[PDB]
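A single protein chain has been omitted; all remaining protein chains appear in their positions.
Chains here go by letter, A and B, matching the order in which they are written, and residues are numbered from 1 within each.
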Amino acid sequence: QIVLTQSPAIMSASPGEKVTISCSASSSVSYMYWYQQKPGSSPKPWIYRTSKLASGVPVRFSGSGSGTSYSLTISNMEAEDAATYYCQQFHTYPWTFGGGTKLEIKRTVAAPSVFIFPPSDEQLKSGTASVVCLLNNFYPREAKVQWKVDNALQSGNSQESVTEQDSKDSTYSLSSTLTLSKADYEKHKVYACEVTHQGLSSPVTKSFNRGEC
Amino acid sequence: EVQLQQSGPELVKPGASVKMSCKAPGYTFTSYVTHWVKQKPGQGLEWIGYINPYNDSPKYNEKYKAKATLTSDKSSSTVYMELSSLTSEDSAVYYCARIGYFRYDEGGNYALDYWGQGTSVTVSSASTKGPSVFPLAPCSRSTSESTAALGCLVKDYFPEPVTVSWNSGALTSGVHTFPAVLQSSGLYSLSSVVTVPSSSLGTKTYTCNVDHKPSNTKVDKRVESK
Partner (left out) sequence: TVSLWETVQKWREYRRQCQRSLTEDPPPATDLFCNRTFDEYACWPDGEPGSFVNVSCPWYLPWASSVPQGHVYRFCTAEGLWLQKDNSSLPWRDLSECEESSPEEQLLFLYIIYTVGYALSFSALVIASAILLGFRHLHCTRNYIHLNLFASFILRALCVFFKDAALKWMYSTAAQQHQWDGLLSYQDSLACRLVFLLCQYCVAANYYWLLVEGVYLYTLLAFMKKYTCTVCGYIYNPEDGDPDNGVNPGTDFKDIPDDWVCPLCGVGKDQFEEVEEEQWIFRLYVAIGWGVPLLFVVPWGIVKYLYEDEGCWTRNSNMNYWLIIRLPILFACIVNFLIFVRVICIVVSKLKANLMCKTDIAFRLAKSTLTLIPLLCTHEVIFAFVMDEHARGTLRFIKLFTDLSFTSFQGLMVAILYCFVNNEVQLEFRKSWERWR
């Protein structure tokens, strides 16, 4: 029935910067409730009765709002505050939640340490062959992996997977898995992966030659 | 911080029904009504409904009427949520939560404080498959880069999840276990790589413990540079 819309989708802030997450409801509600959910656990009461803080929540957090428009704000931002924040309404039935706002933490531009792995010869029995290209601990998240099997720009055969921002150094890690046939694989020699990133002056290409290792 | 002891994960065929448990150590005289919340990735968080255990009468979200069936046990004091005629739209984490009150004197100071672990539901026709694990070692060439990467490629399993530890949890740093990706085939696959010193590739052994409770798969793949 009533709809809670909270902007932005994902928020990235450098430590000590003002974070301010909105939540505009469809119909005017009395109080607003916020939950901090950290990927890897159930949600947690974070702010109740619009501006009241839950026990253990640091004073940097402050809830504010009235009518439809509500927000959650952070002053002395810290990396500990990276998580998805759901606003909730207890005012009417059904009880509406928010879309959540994943909060991330800006940091120094880091370049990925790239690694390419051929497919196992154990896998070269399974009728397939998956070549992986790892990008370790770059910031920001946006990075380009470009597969080039014998200087042929591969497309729509690989699937990249990015971890969550690291707990300790706020970096990311990305893997691109070039899934290929045993026949398709054994037909080509030079397998390479061209990584384009903000931290990289020139796109790095980590290669390998088929079987020749 | 989980207080509500919920039931285990479930893999159900589309069209079937799933009934999950939410055992509470004991209902507080102030809070006894259990609420059920649906967390479907990308759908957000959804309040399904609640069950009053003292009168066994439940409240439902109009969206989830004739979908969910909330009941309670008298003896064990446990809530139950059945989900009839299931589809892909119903594959989600399912929480049971209870309201914790901050200041009973003042009106409105409360929140869903008591949360459950979350009963994940996977509505798929795909039968539970086992992960085939493969090493992720380079071409034995580094020319002294001083940093070397290697890992596991846990392939073709269903349903999620796969638990990847390294050197039986002794190796905790430089580790990266990527989120699973459902391959076009229909199965999940994930890589778990670890950056170690290039000097160790011929001195330190890197066993890679993979665990997949659904298919009861337990494997230790020691990764070597060919």
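Everything below uses one rule, namely that a contact is a pair of C-beta atoms (placed from the backbone, for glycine too) under 8 Å apart; a residue touches a chain by one contact, two chains touch by 3 or more.
Which of B:5, B:52, B:198 or B:225 touches the hidden chain is settled by the complete complex: it is B:52. Considering the whole complex, the residue from B:33, B:126, B:139 or B:219 that touches the absent chain is B:33.
For the options B:99, B:175 or B:194, the residue in contact with the chain missing from this view is B:99.
When the omitted chain is restored, the residue from B:107, B:186 or B:197 that touches it is B:107. By the touch criterion stated above, the residues of subunit B touching the omitted chain are 29-33, 50, 52, 54-55, 59, 99, 101, 104-110.
Residues 30, 90-93 of subunit A touch the missing chain (whole complex, contact as defined above).
Simple rule for what comes next: only the chains that are shown with their structure count from here on.
Distance from the subunit A centre to the subunit B centre is 18 Å, each centre being the mean of its Cα atoms. By the touch rule above, subunit B contacts subunit A in their complex via residues 1-2, 35, 37, 44-47, 59, 61-63, 95, 97, 100, 102, 108-113, 115-118, 132, 134-141, 147, 149-151, 153, 155, 176-181, 183, 189-191, 193, 195, 226. Of all residues in subunit A, only 1, 30-31, 33, 35, 41-45, 48-49, 52, 54-55, 86, 88, 90, 93-100, 113, 115-120, 122-123, 126, 130, 132, 134, 136, 159, 161-163, 173, 175, 177, 179, 208-209, 212-213 touch subunit B in the complex they form.
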